[PDB]
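Below sits a lone chain in structure tokens, taken as the form solved without the named molecule.
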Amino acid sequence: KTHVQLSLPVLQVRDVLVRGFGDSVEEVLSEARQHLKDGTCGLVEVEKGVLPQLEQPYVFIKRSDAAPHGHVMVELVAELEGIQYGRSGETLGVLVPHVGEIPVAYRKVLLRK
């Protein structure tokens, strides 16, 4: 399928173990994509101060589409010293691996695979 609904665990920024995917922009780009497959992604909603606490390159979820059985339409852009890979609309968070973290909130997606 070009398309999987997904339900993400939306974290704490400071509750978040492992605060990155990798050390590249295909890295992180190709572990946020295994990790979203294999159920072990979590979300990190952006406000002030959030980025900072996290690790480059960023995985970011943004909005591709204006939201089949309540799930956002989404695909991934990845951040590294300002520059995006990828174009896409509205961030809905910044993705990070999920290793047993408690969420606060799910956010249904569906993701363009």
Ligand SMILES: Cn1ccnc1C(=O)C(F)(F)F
Second form
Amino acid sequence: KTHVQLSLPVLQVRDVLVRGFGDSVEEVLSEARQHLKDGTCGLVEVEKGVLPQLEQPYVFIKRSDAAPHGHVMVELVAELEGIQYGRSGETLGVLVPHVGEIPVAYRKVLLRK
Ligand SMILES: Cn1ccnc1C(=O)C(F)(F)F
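Starting from the form solved without the named molecule above, please write out the structure of the form deposited with the named molecule bound.
Full assembly next; the chain just shown is listed first.
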């Protein structure tokens, strides 16, 4: 399927134990997609002071369309030193590994895969 229905656990930035997916744009997009497949991916909502607490390169989910079965259609955009790899809509948040942190909420997304 070109799209997969996912429910992403929303984590508080100060709870996150593994603050990024790796060390290159290509690695973080690869790792994010693997973790999204494996159900081991969390979402942090972007506000003032969040991104400096996480590790670059960043992987964003961004709204790709204006929402089947309650799931917002999204795609992945990476960012490193202020350059984005991909072009998409509004940020829903930044992806991180999930290693058992307790979420505050779930975000239903339809991921372009
Ligand atoms: C290949 N695949 C199967 C299920 N999900 C995938 C992805 O690449 C995804 F985009 F979801 F990360």
